[PDB]
Amino acid sequence: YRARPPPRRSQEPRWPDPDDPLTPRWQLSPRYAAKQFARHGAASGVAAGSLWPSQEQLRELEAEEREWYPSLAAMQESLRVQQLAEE
Amino acid sequence: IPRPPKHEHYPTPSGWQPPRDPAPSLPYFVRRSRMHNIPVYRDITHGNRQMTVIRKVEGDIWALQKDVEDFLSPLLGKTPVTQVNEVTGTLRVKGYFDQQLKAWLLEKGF
Amino acid sequence: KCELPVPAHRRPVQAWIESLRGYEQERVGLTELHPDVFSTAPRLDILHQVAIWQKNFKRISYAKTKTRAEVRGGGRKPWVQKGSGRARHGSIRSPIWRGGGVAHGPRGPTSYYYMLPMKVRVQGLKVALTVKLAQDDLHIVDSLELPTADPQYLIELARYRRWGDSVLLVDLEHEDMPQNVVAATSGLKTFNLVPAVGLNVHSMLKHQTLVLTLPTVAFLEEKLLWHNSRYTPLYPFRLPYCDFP
Amino acid sequence: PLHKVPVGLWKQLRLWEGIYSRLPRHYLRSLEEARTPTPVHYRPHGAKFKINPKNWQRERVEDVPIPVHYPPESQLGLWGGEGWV
Amino acid sequence: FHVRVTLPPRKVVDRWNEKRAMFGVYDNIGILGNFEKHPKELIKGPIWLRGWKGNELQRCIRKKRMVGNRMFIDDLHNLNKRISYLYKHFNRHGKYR
Amino acid sequence: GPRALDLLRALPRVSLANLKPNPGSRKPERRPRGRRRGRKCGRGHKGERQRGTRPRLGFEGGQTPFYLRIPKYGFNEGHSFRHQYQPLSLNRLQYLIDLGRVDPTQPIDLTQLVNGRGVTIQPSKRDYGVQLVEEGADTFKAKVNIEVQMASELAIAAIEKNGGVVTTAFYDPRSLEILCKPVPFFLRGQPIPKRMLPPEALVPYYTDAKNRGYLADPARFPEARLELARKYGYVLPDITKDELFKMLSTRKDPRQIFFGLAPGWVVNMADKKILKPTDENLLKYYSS
Amino acid sequence: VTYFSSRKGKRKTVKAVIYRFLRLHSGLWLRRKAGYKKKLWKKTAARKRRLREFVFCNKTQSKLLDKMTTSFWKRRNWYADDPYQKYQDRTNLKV
RNA sequence: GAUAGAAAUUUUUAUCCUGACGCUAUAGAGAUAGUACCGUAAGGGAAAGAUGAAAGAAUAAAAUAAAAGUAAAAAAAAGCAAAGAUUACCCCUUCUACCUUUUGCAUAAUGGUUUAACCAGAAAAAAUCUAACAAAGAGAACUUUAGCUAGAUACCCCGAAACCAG
Ligand SMILES: [K+]
Ligand SMILES: [K+]
Ligand SMILES: [K+]
Ligand SMILES: [K+]
Ligand SMILES: [K+]
Ligand SMILES: [K+]
Ligand SMILES: [Mg+2]
Ligand SMILES: [Mg+2]
Ligand SMILES: [Mg+2]
Ligand SMILES: [Mg+2]
Ligand SMILES: [Mg+2]
Ligand SMILES: [Mg+2]
Ligand SMILES: [Mg+2]
Ligand SMILES: [Mg+2]
Ligand SMILES: [Mg+2]
Ligand SMILES: [Mg+2]
Ligand SMILES: [Mg+2]
Ligand SMILES: [Mg+2]
Ligand SMILES: [Mg+2]
Ligand SMILES: [Mg+2]
Ligand SMILES: [Mg+2]
Ligand SMILES: [Mg+2]
Ligand SMILES: [Mg+2]
Ligand SMILES: [Mg+2]
Ligand SMILES: [Mg+2]
Ligand SMILES: [Mg+2]
Ligand SMILES: [Mg+2]
Ligand SMILES: [Mg+2]
Ligand SMILES: [Mg+2]
Ligand SMILES: [Mg+2]
Ligand SMILES: [Mg+2]
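Chains as they are written, first to last, in my numbering: chain A, 30 to 116; chain B, 4 to 113; chain C, 17 to 261; chain D, 1083 to 1167; chain E, 133 to 229; chain F, 47 to 334; chain G, 140 to 234.
There may be inaccurate statements among the hints.
[Claimed, not checked] Keeping only pairs whose Cα atoms sit at most 25 Å apart, straight-line, the calculated DSS-like set for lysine-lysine is:
| id | chain 1 | residue 1 | chain 2 | residue 2 |
| --- | --- | --- | --- | --- |
| 1 | F | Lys189 | B | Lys9 |
| 2 | G | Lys147 | E | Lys185 |
| 3 | G | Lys233 | F | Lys118 |
| 4 | G | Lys147 | E | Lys213 |
| 5 | E | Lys220 | F | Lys66 |
| 6 | F | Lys118 | G | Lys177 |
| 7 | G | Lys151 | E | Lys213 |
| 8 | D | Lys1136 | F | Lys118 |
| 9 | C | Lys71 | F | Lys73 |
| 10 | E | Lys176 | E | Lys151 |
| 11 | E | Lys169 | F | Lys227 |
| 12 | E | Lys220 | C | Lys93 |
| 13 | E | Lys151 | C | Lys71 |
| 14 | G | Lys206 | E | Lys227 |
| 15 | G | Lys206 | F | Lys118 |
| 16 | E | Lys185 | C | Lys82 |
| 17 | C | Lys222 | E | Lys176 |
| 18 | G | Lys149 | E | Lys220 |
| 19 | C | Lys71 | C | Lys222 |
| 20 | F | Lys171 | G | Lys147 |
| 21 | F | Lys86 | E | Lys227 |
| 22 | C | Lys74 | G | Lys147 |
| 23 | F | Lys256 | F | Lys189 |
| 24 | E | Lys220 | G | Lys177 |
| 25 | E | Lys185 | C | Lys135 |
| 26 | A | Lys64 | F | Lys318 |
| 27 | G | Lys213 | G | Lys233 |
If you're looking for bench data, these hints aren't it; they were derived computationally from the structure.
Sequences and hints are given; from them, build the entire structure.
Set out below in structure tokens:
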């Protein structure tokens, strides 16, 4: 007898149909498109501009990091107040 | 794993000493590990059984056992209890003698 | 001549190179085989683990008997416990009763999936090749060509050379297998053609004779000797590595 | 034997065939959009991230709407989006 | 305990059919294939049991998670009762404890 | 070598019909059948033993359990938020260099240690990097530019004796996961993010010059280095006169993760090309 | 103790043990004396000192607490400025 | 207290290769069938098939003649029915049925007329045994001061009065 053809993982990009109701949810997320670019990029057929946060997203990122993560000057002066207070 | 770089002086500061260029004229042979260290290890069972294991041995293992027996005889005053596993090529010695064996095999160039 | 560095304390093992273009076209050269693959320790118990593993790693049973909960009926007490004069029962579907379920039976599709560590599987291939070579069951064929597509040619060729009852023919790649060999072995049961990637322990022990092609021999030594001096996988090797594409 | 399409999607696929398919697109688009209504009973918290008073650590917080029952009597009038709790 | 009085027709099993000759051919696809496909990507069977193993409780839980929404009404109920009984038996019963 | 291969020629061929497991590897299972394991099956006689309804684990029969009569004290209070540092010994650092696992010609940081299999970092288990310990300070003869997340007085002194450079830098768990496993990150198709500042608790450690902090004022390093040389009585080498001064003076921006890379860059490994942003807001956000 | 959970099927832990015990990597467990905060004016100076001291647990108690907690709490931890960091490993134990 | 238990953040390459270390008439669906039959009603719900190429070969043919139960062939002092034996079946000598439950049962304590079919130990945290590789192991995510990965060794059946909803 002759053996069956070996199973090989194709290197071509894949794109499931968004309109198919049976497609997995994780295969339509924006993270999947970015992963295809990091896998192939040239053959992925996705604009490289989608990898950076949009203006609406950038404003959200700017506010969240500012309000929660303080500045080095604020941290340095905050510790001075406590050191003076305890002393 | 990269090969160890050549050093102008031996042994290296970490104690590593490369094998001798010619193969020693002895029946048995002890291969180095994939990390280029002597394959002598400790092993503890039941929490109170202490054993030393010599792995990766090719050739006449019984020659290795006899050379170990008279090497450790003056230190203990008696022949140590050993197990020979020819199907694997592993000599098992009852007790913690890993440091003494590693120096002994290093002098013989394995 | 062996390409990968043979260990200093040992020497390579050698075997004849044969050709299938003729009945008497045997011993047409000499090839060196790496000692760490074709001359390793004869581990006949590391073959048992791999041979059993290839048999009980994809077995998914399909036996599911219905316990007393899944039976159709028997939701009522058959008779009052006291005063009837018979043994007390609580359902007519208990395992005691005739039509009842199974107290302890095969439950649902059961999967037997366990993966041996990779270095044991690699060690399984090395010992199988050494056993085949040590018992004169390994023959090296140069480029694996046949004069004709007639399947009777292989039958008489194996009979003349005493290649046993079954012969396993290998090739480096699927698309590169010549038409004469494919058509000759497609009509035979004891003679089978498998690509180099489809080689394993169970196939070797099934067929009494193993035939390796010279390009495949270099392929096997390159793949099997890489595990001796490798690192543990930080991430799976399908991902890019510095010196392992 | 199992269903090829999950049971939860049977109602959604009911709209894609038959008379429901010929319905005007603008009506269907508004129907499929299930936006969260304005909170009436429960009091939401504005911040998406909050600091645990016991733990003194940054943690994520999410608003979960409180289910409310709308009796059929409500459909005849204007209750402002509220009902029995 | 009465046994059959006639010899049954002996089963002529051929050890060299297509299934047995090609059995376990590509088991080493990962080792000899640049590690592109794990050998667990050749298992044929249930969706929730491809490359997975467990006891009876972990199997029933796993089945409910993946294909639970695609099961029939009666099968969905029987699975729930099986999970509850196994949960009570494994934790609240036994000898070693 | 393998003299057992000579014996295999005389013996018959090895096939599936004659295979035996290693003796002792498979202990046989005992089933409750027969006189020995029968009529009780190893359970007992009546009670909660034979009927399998004995109480939970740690229940002493109505009496207050041992684990409930001990007063609560905080041993694991907030353990999930305490920082952990994997220790690296100079004995192992010397061992790696001698075997070629790492090289002193190229600057060494956390990434190079991981690729050398020296230390393994699990960001999930609240690991904030590698701390340098002084276990092998006496026999350390290497000259490296090593960057760690915590250092000791003797470990710093031992390296500076040979003429090395030691610097401590803080890595956020979001950044530390990227740093320890760079290749998996580059396959996620996301821009390289800025490295976050240390919290208020860890500001003094990385700001003082005694710890060779990355955020410390460079003007106070030379006087701090000489104090260690005076304290341990070793002559301080003039590092500016060595031919590897360019390599030994290499550092990272506090907002920078890798060597020579910048936040906002996208590494397209398939095409072997590096992408850079152009918008003013994108450049400002990734550089502030 | 929940040997098999109903969500993931893994082995759960008892939160009572961790809130009042410390496990050293050598297998020894650490605990406080019972009654070290109750009626201090009544007890003598020596008795109060004895109740304020950390104590070890014997084999049965140590073995019992290992089957009540999962394997996450038996790992090797390298805390910064940990007072018990030097007590993790045993030494000079001739058994 | 019993126990309950997330997320941020990560991973997942397509089609064929689908069949069976699943059962064979007390098994497998309840099924030859929700039909007979028992209930006013909701509801409960079975047993049942066997010749051969041709029975348009029924002065018809082949197959085991093997379960308990009877017939061929009723019984002859004496005893847990048997053993030691013996020229000889008894006669002689020696032995307080079997399980369960108990401090202790031939007990006049429990259960069984006998036969066939069916009916009851199941889980891998720590450990021991065997092996791979070893200051590192694992085909990612973890464990590491001789350890890590893989295999093998494990914890039953029948039964209440009741409780809640429709
Ligand atoms: K039935
Ligand atoms: K249990
Ligand atoms: K017994
Ligand atoms: K009675
Ligand atoms: K009784
Ligand atoms: K009885
Ligand atoms: Mg051990
Ligand atoms: Mg029922
Ligand atoms: Mg009822
Ligand atoms: Mg009942
Ligand atoms: Mg049935
Ligand atoms: Mg047992
Ligand atoms: Mg069992
Ligand atoms: Mg009995
Ligand atoms: Mg009993
Ligand atoms: Mg009792
Ligand atoms: Mg009480
Ligand atoms: Mg760790
Ligand atoms: Mg039937
Ligand atoms: Mg039957
Ligand atoms: Mg009869
Ligand atoms: Mg008598
Ligand atoms: Mg008596
Ligand atoms: Mg009594
Ligand atoms: Mg008793
Ligand atoms: Mg009686
Ligand atoms: Mg009684
Ligand atoms: Mg009776
Ligand atoms: Mg275990
Ligand atoms: Mg109640
Ligand atoms: Mg009621």
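These are the hints, each one checked on the structure:
Restraint check for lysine 189 of chain F and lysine 9 of chain B: the C-alpha separation of about 17 Å stays at or below 25 Å, so the hint holds. About 14 Å separates the Cα atoms of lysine 147 of chain G and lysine 185 of chain E, which keeps this hinted pair within 25 Å; it holds. Taken as a hint, the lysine 233 of chain G and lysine 118 of chain F pair is broken in the structure, with Cα atoms around 34 Å apart against an allowance of 25 Å. Distance hint between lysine 147 of chain G and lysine 213 of chain E is fulfilled; the C-alpha atoms sit about 18 Å from each other, no more than 25 Å.
Restraint check for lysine 220 of chain E and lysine 66 of chain F: not satisfied, since their Cα atoms lie roughly 41 Å apart, outside the 25 Å limit. Between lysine 118 of chain F and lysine 177 of chain G, the direct Cα distance comes to roughly 13 Å. Compliance with the 25 Å bound is thereby established for this hinted pair. Taking the CA atoms of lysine 151 of chain G and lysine 213 of chain E, the gap is about 22 Å. The hint holds against a cut of 25 Å. A distance of roughly 17 Å separates the Cα atoms of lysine 1136 of chain D and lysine 118 of chain F; the hinted pair therefore holds under the 25 Å criterion.
Distance restraint check for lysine 71 of chain C and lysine 73 of chain F: the Cα-Cα separation of roughly 21 Å lies within the 25 Å cut-off, and the hinted pair is therefore satisfied. Between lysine 176 of chain E and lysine 151 of chain E the CA atoms are separated by roughly 14 Å; this keeps the pair inside 25 Å, and the hint holds. In summary, the hint linking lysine 169 of chain E to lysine 227 of chain F is supported, as the alpha carbons are separated by about 22 Å, within the 25 Å threshold. Distance hint between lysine 220 of chain E and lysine 93 of chain C is fulfilled; the C-alpha atoms sit about 24 Å from each other, no more than 25 Å.
With a CA separation close to 13 Å, the supplied pair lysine 151 of chain E and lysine 71 of chain C stays within the 25 Å bound. Between the alpha carbons of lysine 206 of chain G and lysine 227 of chain E the distance comes to roughly 15 Å, so the proposed pair stays at or under 25 Å and holds. Proximity of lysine 206 of chain G to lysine 118 of chain F is assessed by CA-CA distance (about 20 Å); at most 25 Å being required, the pair is judged to hold. Taking the CA atoms of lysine 185 of chain E and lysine 82 of chain C, the gap is near 22 Å; set against the 25 Å cutoff, the hint holds.
Among the hinted pairs, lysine 222 of chain C with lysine 176 of chain E is consistent with the structure: their alpha-carbon atoms are about 23 Å apart, no more than 25 Å. Proposed proximity of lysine 149 of chain G and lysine 220 of chain E is supported: the alpha carbons are some 15 Å apart, at most 25 Å. As the CA atoms of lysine 71 of chain C and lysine 222 of chain C are separated by approximately 13 Å, the hinted pair is consistent with the 25 Å bound. The hinted pair formed by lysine 171 of chain F and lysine 147 of chain G meets the criterion: a straight-line CA distance of about 20 Å does not exceed 25 Å.
Proposed proximity of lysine 86 of chain F and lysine 227 of chain E is supported: the alpha carbons are some 13 Å apart, at most 25 Å. Straight-line distance between C-alpha atoms of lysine 74 of chain C and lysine 147 of chain G comes to about 24 Å, which keeps the hinted pair within the 25 Å bound. As the CA atoms of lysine 256 of chain F and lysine 189 of chain F are separated by approximately 20 Å, the hinted pair is consistent with the 25 Å bound. Restraint check: the Cα-Cα separation between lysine 220 of chain E and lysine 177 of chain G comes to about 40 Å, which exceeds 25 Å; the hinted pair is violated.
Taking the CA atoms of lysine 185 of chain E and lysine 135 of chain C, the gap is near 22 Å; set against the 25 Å cutoff, the hint holds. A hinted pair counts as satisfied when its Cα atoms are at most 25 Å apart, and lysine 64 of chain A with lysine 318 of chain F qualifies at roughly 16 Å. Pair hint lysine 213 of chain G plus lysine 233 of chain G holds up; C-alpha atoms about 23 Å apart against a cutoff of 25 Å.
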